[PDB]
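Take a look at this one chain, the form deposited without the named molecule, written out in structure tokens.
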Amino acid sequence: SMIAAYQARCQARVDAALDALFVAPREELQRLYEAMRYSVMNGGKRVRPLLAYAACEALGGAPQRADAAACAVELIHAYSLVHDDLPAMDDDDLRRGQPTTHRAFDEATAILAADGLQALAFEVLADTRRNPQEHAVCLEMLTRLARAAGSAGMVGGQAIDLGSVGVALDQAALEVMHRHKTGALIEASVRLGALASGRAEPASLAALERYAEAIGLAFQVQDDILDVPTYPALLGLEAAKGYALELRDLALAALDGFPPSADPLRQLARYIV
């Protein structure tokens, strides 16, 4: 309701900012930049931008302060999908009915476009015009994003996944995989938005990290539920649904004491499940 509207405003805000980043600086680079644009400007829901803006507003910052944060998280996400789609990875020909990047262009150009998206994510955070935070804050945002995106985070999770093929994951191992593959970047989206607020403090960051850890897992449990090694297969459908509610409750509990400006985060938590 309110969250639907909030989503739409965040999607518009981040899309305007992202669109500006795909201008080839010379003609020989036009096709590469087209493939970059194709890979990002695909009507995606922008959950990670929404989290960055909402965490920013939760601490009292104007949302436009998180524009670079929101761009950077989405760029990381977008690049990861491009590589994931490749034949040697998940080998997907379509994404929401449209050719994947390697299919529209070619494999090499997809590989490269995504590589350039990752560089661009760090570029936008280190750019003190695009990301006009205090310099110590910019470095912390970069640090968190690099950790979350790299082999100890998102890329790590993809390797754990590929290493678990033909192995029956217990719940603990499944959750390790998820924490890395998607949790890290979800947690970073919240962290970076909070940092962009100019009002972050250790207690509020810790609370928001608790929120993000819960919401991150809830997204996946609910995704598996909606699809019906998944949560419903492990737990049974009913127990999976109950778990999703438990994760919502944890998220809400983590926002104890936050002002009304945290309502978008509360609404999202409820909405997921």
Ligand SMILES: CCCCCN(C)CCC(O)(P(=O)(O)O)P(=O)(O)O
Contents of the next structure:
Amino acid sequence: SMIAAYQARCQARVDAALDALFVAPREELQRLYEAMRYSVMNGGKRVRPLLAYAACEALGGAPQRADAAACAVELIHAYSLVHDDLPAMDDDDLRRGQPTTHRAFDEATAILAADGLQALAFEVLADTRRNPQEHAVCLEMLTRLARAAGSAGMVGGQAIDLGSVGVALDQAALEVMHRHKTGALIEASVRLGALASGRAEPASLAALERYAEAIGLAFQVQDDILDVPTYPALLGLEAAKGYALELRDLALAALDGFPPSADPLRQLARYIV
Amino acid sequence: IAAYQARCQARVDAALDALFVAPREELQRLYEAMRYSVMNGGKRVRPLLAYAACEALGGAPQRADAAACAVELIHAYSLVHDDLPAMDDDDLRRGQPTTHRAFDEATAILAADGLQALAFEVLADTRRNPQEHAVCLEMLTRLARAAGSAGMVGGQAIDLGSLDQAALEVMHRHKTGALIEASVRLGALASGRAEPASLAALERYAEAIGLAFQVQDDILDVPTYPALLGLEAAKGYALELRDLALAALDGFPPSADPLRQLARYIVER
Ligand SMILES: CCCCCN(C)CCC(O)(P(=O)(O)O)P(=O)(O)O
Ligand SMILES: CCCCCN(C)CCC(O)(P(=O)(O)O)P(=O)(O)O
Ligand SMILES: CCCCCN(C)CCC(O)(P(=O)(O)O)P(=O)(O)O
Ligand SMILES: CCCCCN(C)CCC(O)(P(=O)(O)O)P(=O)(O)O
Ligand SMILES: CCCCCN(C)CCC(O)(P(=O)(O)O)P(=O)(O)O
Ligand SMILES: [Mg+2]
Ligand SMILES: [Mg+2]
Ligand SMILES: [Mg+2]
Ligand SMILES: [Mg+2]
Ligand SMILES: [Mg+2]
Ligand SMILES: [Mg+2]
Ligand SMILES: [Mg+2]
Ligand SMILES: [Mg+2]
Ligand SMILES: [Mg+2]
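Got the form deposited without the named molecule; any chance of the form deposited with the named molecule bound too?
Next comes the full complex, this chain leading.
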């Protein structure tokens, strides 16, 4: 499809940029940097960089402008996975059939590698060579990423998730959890791409945020459907399917008035379901 | 400078205290862990440095509030992770349960991850850190490079990956030097009066004191400086480091006295 090709292009672009980020400054840091590289260069689909690139092109921006945004979101994503896999959390030996970072290396090294990837995400956005936007915009990007990645966003989601082991969640609570744990970063990816366009305005940003909210949930509902507290458990399988379609429609409706260059976002919304 | 310290401490604690309000109820416990990890009665050396660097260059100290917060937030998150079972495995810090004991291990990992996000948030926030934009960006750049795999986190890995004196110093310069230097650099930037020669002088200062802390702590506890150099020679080196710090400040005006007093204080403990 058009979306499969767009994804492959986004993936190649962000991987080339990311690949350059993992050279140890000196020899004693080689293994730390190898763990960082292992944690990022893992053949991931790069959905968050796709969203950044696509939001940028949806507002008329050349996609290379969003390279730093794309790297930063993926660096936050990657660090999150390394921490999530740790024995204190999900305790997973494998991710996509490969040894998790703490399994490949060791637990200390994985914690640190990921800590350094979070630093690096902020580094790339603050770096005016790598992220050559107007200064006020670089700062806004950093602000939005920090709020999305932190205790009010993604890390908060993780805490909500750990804090409801034992509790039977209803749909509202499930959605609170999801909106933090994954929504915040998906929204930031769209917001930061849009900012990288050089043409953001408040109406277009707010529309793109409605898009991001809808697709972020649509991802979760559809994943649950395909794995068949989950959406099908709550609603039954057919009604979950209906809801996935309702979310796709909300996303497409949010893009009303956008030009043909927003097609990749429209295509993705449909693809998800 | 015990009184200057206590003032820096009260200033930064007031600003930090305001950062730990959970946006909603489901996040209360996370935010409590964050607070517990920061509001721990720490001496706030890094904020003292940021404030004092700012004043050394003629800047009113409140201009450095965000820098002070950011460096302390990085410092605090680093302690939580350093205390974990996979690293130093400490049950206590300053006689109190470590965050992973008071709460739980996942919560401690997460609380600290959110402190690191928050440090960058505070510097990028033009209300809390109201400098010129290019200066905000430069502060963020320097903190990110200092906190990350090329600085502080690198130092942790070097330590775990381990010694002659050169190698000990490589380790220290990453593990603690990078963040001490960033604290001084960020305060200096917050002054609005930074210039390259002064920034370079202040960096020499920070390099010297960072090491002076480590040398003197090893001396007092008697791969340590006394083991490596001999006890009396380590004492000599501590003085040498203090003098390098004071020399780096030669030609700064009287408002740099707090930095001078700290250099002496370190080696007089
Ligand atoms: C540490 C913050 C992570 C926030 C959510 N991540 C996407 C976690 C990764 C997951 O999607 P994954 O299935 O483990 O990949 P989880 O089910 O554990 O939530
Ligand atoms: C080895 C293949 C395992 C399953 C692969 N996907 C389900 C992983 C995607 C995820 O991590 P996510 O939480 O769905 O986004 P999941 O939890 O569904 O697994
Ligand atoms: C990422 C970790 C960087 C932290 C560097 N030090 C401040 C850690 C704390 C120590 O000083 P502490 O004595 O545990 O407080 P350490 O001796 O373990 O280095
Ligand atoms: C295996 C340790 C080699 C690194 C240097 N030290 C001896 C570690 C011990 C410390 O971190 P600790 O706080 O005493 O555990 P120190 O502050 O003495 O450096
Ligand atoms: C780099 C600033 C040093 C400030 C003094 N330290 C807190 C003294 C205590 C130590 O030596 P200790 O291992 O706690 O005894 P640390 O490793 O924490 O530095
Ligand atoms: Mg998980
Ligand atoms: Mg998991
Ligand atoms: Mg999962
Ligand atoms: Mg320790
Ligand atoms: Mg340690
Ligand atoms: Mg200590
Ligand atoms: Mg020491
Ligand atoms: Mg120690
Ligand atoms: Mg010791």
